[PDB]
Amino acid sequence: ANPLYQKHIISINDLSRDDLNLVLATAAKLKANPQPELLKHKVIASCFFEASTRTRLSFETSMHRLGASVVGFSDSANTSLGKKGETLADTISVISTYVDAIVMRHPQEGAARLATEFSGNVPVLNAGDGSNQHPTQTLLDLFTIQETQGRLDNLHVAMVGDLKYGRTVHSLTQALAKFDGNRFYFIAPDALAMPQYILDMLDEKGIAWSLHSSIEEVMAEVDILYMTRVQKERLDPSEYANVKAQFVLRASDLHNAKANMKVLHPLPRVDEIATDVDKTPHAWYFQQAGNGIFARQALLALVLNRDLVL
Amino acid sequence: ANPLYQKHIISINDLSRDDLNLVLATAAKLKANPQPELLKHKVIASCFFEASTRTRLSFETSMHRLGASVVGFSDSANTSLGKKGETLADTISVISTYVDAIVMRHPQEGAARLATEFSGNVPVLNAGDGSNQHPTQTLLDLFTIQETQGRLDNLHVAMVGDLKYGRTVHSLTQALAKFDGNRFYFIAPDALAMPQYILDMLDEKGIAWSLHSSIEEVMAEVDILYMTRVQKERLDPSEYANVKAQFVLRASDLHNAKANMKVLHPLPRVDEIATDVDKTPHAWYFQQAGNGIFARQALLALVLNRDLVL
Amino acid sequence: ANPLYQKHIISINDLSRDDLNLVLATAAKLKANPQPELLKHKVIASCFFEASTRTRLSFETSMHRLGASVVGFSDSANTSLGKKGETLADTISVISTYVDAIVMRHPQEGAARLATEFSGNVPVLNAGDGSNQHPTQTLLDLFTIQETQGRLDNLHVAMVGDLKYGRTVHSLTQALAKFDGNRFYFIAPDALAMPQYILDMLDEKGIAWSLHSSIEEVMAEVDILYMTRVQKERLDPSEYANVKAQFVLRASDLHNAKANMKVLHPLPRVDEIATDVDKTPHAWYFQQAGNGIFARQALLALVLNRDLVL
Amino acid sequence: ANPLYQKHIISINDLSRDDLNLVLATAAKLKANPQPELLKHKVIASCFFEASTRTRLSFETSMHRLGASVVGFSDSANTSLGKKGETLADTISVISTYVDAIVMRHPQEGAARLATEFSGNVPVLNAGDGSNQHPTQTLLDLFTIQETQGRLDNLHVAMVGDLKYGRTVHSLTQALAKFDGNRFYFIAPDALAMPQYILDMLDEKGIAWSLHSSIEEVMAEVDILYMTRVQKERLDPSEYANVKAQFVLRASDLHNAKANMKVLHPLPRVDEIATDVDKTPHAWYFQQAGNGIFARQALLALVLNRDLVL
Amino acid sequence: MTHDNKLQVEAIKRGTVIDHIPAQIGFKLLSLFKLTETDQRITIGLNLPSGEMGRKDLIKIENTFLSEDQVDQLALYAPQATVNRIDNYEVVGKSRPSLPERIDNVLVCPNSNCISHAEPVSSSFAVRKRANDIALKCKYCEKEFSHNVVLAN
Amino acid sequence: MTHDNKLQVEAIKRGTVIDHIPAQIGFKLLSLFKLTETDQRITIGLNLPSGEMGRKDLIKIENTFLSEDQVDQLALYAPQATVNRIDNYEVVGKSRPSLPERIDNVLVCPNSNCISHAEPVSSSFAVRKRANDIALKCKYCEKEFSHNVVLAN
Ligand SMILES: Nc1ccn([C@@H]2O[C@H](COP(=O)(O)OP(=O)(O)OP(=O)(O)O)[C@@H](O)[C@H]2O)c(=O)n1
Ligand SMILES: Nc1ccn([C@@H]2O[C@H](COP(=O)(O)OP(=O)(O)OP(=O)(O)O)[C@@H](O)[C@H]2O)c(=O)n1
Ligand SMILES: [Zn+2]
Ligand SMILES: [Zn+2]
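Chains as they are written, first to last, in the working numbering: chain A, 1 to 310; chain B, 1 to 310; chain C, 1 to 310; chain D, 1 to 310; chain E, 1 to 153; chain F, 1 to 153.
Worth flagging that the hints you see were computed from the coordinates, not collected in a lab.
All residues carry an ideal CB built from backbone N, CA and C; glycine is no exception.
Do not rely on the hints blindly, as some may be mistaken.
Derived EDC-like pairs: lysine to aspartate or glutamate, alpha-carbon spacing no greater than 16 Å straight-line [said to hold, decoys possible]: (1) F:137 x D:14; (2) E:139 x B:204; (3) F:28 x E:39; (4) E:6 x F:10; (5) E:129 x B:117; (6) C:232 x D:100; (7) B:83 x A:271; (8) A:232 x B:86; (9) F:13 x E:39; (10) A:164 x D:190; (11) D:83 x F:119; (12) D:42 x C:37; (13) B:232 x C:233; (14) F:94 x F:72; (15) B:40 x A:75; (16) B:164 x C:233; (17) B:83 x A:75; (18) D:7 x D:117; (19) D:84 x C:271.
Listed below are several chain E residues computed to face chain C (Cβ distance under 7 Å; list not exhaustive) [said to hold, decoys possible]: (20) 110; (21) 143; (22) 147; (23) 149.
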């Protein structure tokens, strides 16, 4: 049986280097020769207790492309559960009574791991829990770095934007730290700084990072430029606006970028990356979202399938 | 490859007579011998940014009857996209990254044609854009005229109701003008008159039309009587009510109708056609909605399939 | 006692030329020599079942300016009365044992006249009832026409905009037609034109009227320009935009107006009157809203006080 | 006339040391010798475009305590004015012909100063405008500091909590800096710290200040402890909880305070001040809210009355 | 020479000269067609005497040959403008604007509900001379409007 | 009347010549300050070959004399320009701009919750701190931003 067989994918912190490389080598095969009936007869639940269209449409297409049926709800649009005091332990104890895996997003941190205590033998894959984890976004980000750069080590990865509250940058820094010799440049408004516990973990592994306040300082050396959404509620109107809304990428900035450099963005992007960047060959944010289909398909394959013939 | 292969069905104005007859000849074959696995392994997105249950359930059943998977959202029930400034160009650039065709309804006119600039090679079929077009409603209306009258030319078609704001009557008049010798009778309250640009287009093609203020004036000659919903917000309470709510069909009115005459209505009908009309053989509005299944199936077949073996 | 003492003010149709002149005469005295303890010890109820902040504040300030006390409410999706269960008739029957006069605005037509049959000897004053009547707006328009022009007879008055549904324009024509020799110019989009009943009434009295399509066509003969807002929800957004080089007003258009020509608008004014009209001498819509105070002071004083020797 | 007679009260920045002392002097006379028919016959408008029940009731009670009348509104998802269509400028232009003074609170910054340009000679008083200004809160804080401490100069003042976005703390430092020799202790979470502009201003005047991390560190030198509520939506729930053994106040912490040390809080206070502080002599936030009456009585009397010989 | 004329007008050696710009359209055309975003010598003249056909404006743009397509979009604005190219100190070609097929970019859909308003799209209207006027049909909403309703907005 | 040419085009009679406009600021200044909304002849030279800056812009508005503060509204944009005032073919006056105390109209408050956006008010900014680099404070929201930030949009 493969190591991920019947495993709950709840946190990046629980997946080893070997786990991360297995998923990533399987995504590459499914991207190359598809297997449209591999999960034939499986029924999966797609429970989005908090709505997230982008993520839901990609998880469900992934399930449809391996031949599985999907049942489920999107909410924050009162599809009535949690109604008349129903606990999450009780919702999951009833849903696992008839589906083969549960995919779930929930607003509170910790909810996917609690689902785990009640699901029995039905795997729980986390599509987001509050400000804690989102493994499947990090798996697709990794897959896109690997596929465009050829490696996941010895990278010069810049992270730009709101690094303090951005849940995806915090996980990707942790995943990339699993690997060797990567170098980090963090470029953030002082109020949206990368947290100490991330920096402390990087230091304790001898990984190198530095702070810069202009992308221009680091463009030349950069392989992956992972940009992020600053949400204007995290600052006030006049702050966002002030000398801080210039963590924004335009096409002219990329002039000296290496031939291999790529611009990644979890999305939605509202204005931090200007529209003229799209025509560049370095713009890989949409291709990144397309890669979400093979990273999610590979996890569903490895989790529901004992032996995967590749 | 057939002419509609990988084409975007966005407006009636872009489909020729030959296009219209091809779809209609394919709907007739699929109605006669079904092909339940023709779109096997295709995944289609059903994006209804504005809710419309009737249309959605019929488009999706059509996709289910040719064997395709469906992913997607109905909204005006906050399924969270458009959230944090996400443009439609960006939503469609991410959705086309993993589905094989996009079906979409949207409140602004022009939205389906903009989806076209971002979808790449994934077809976009319009299920309604604001007060502009709705091709798939005209294709089913046409199919039902053809199937019950045997032809699409030399027809005496009466249009009754709100002709000024009814989006389906405006398109069907344009489609029927593609064909020969049809004759139009428009019967509308003075405030809900067929617009000049329609009348001007009919004149410039030598097609004959006339205005009447009672269906009784024209029943004898009429082949298709396409009735329409007057929405009471388009007039005030007392106006609707006054001497104008008598664009309403009852069974007694049909006494002299030709044996072949049919009553068509896009639906919902609230009271413009009285319930006793249903028992007549001229009532074809529900059968019309059943025909929506084969007109939508044929378009999906011709668009996703190179060569169609019939 | 005075003619209007203890009378219900529900419709313009119900007040004679002499009643309208008496109100206008009083309102000019109250403007000139304020009597702030005239309704001392009276409690009026401001029952706005339909919210209208501008009408409500004008009335309550009228109430207070004559020293009366005020209890009442405004209800948009909130606060109990009229409930559906509670009839309007029982609301009034109960409130008419608490107060001395009732001012009310309601969404359905004739709510004010229904109230009259349940208030005992408590006068009720209509502040709007659906699309039917708004007496105290017409009273302040005629006060402003009399105060600027010097008379209410032999006036060249132009009414512009949505003449079909502006309730104040229906009323103002009824009222201006109890006086002599007025000439009316009605400039409206033909979809939004003065109803045949105002017109038919006007012909019985032998009043002169004409329909024009541009303010430009009559700018030169006109004494009052009464603009109304055009209601975009009753039009199609593209209908709305494609009309002439519109029917909105700008200072350029005014280079032609008589020296005593004034521009009136019941407000709000979104875009039919541009900001440069506000600085000309012809601008009179804000003074018009100030005279609302003196017109409603007069009506309240005449209704609640028997003889007024001011 | 008095310095402030007929003046607009929009920002603390606009009032000199002498103006602030005159208000404080008057408010102590009105506290001592009430003059309840001072604004008899005046109508003030309480236009709260943003609801704040506590500020609204303090002001209306101020209005009534000097005998004035009140018309107005508060708008949370309801009642007509400012609509979007109706400009603020036209709301004010119209309300300024009905009333004698306007008190207003609005969500966008500078709404009060915009109003000033449209109210004619009608004074407008700012009750809050976005994150910019709230003059009458600063006036009652300085009244409470002067009434408890005996002076507004040579004070050791500690400001605690969200110093970055508490609008009242920005104002209170501006104002306390028109007087002499005040020393400031700013105890805030470094994510929520006093902006460099307050600080930079303070250095130009040569005022002494220091930043501490615990109230414990200055409890002993402090005369005013001005607590502010910390805004949990601008923080992360786990950030919020993991700070020291916090910055909230309990009686234990007070065992060290000077006998005339007082604790002020603009309110509401959820948990930064515990219930046992309420029973100590240092508790002064409810008396502070009572003095709001006398500070706003003074401002209204000075604005609307020319000479006041009380 | 003197009947003031030009005051020895800057005979550009090679380029485009646009003449009879009807007065006040001169500046419009610079903005709309972004003719100043070039590093080449432009010399503009506004409210020049056209004792001949009005009063006029005139842009002389050096070492630049604006042509064909570019010349026709100017039809909606300066219908009466002659473009003249110059290769070596005198008129090599003189072209009038003819109404084009489509007008891209410059023009806004009147229809407030059109999707073009909110999005990263470039306007495109189809031109049709309904002899009495030119109607313009939006690519997106497909509503047709008088050219004058669109030209104000 | 006297000689023009274009390397340094010449002589209008009586009026203003704003010369030594940085380069590509010329059209901004025309747009923003609406210098074009005049019936007088204006002559404009864009990207011209000149003395130390190499290529500059120039604007000649005859029969109009602008000054004192109009000249100052030019300082944020064209600080090193000269404004020649001319009467009878001789420069009877020569001004340079200076930072004003208030820049009305031309700027946009970057604070999106400002009220100024939505309304019939003209923008206004108190200006401060010469050439080490300028701060601008909105009249209405009283937020102070760096000029380069207000000036990017
Ligand atoms: N080397 C040259 C040659 C010509 N021109 C300009 O090119 C235009 C061409 O007009 P032209 O055919 O020389 O005589 P016109 O009668 O003015 O042409 P039109 O019939 O359009 O008036 C004139 O404005 C002239 O200044 C120029 O600037 N430089
Ligand atoms: N009737 C005139 C006279 C002068 N100029 C313009 O006036 C400007 C400058 O005036 P002037 O002092 O005569 O030349 P400069 O010495 O170069 O002035 P400065 O050094 O201040 O630029 C020049 O651009 C010149 O074109 C003009 O166009 N018309
Ligand atoms: Zn359009
Ligand atoms: Zn501002």
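Looking back at the numbered hints, which does the structure fail to meet, lowest number first?
Result: hints 2, 5, 6, 9, 15 and 22 break, sorted rising.
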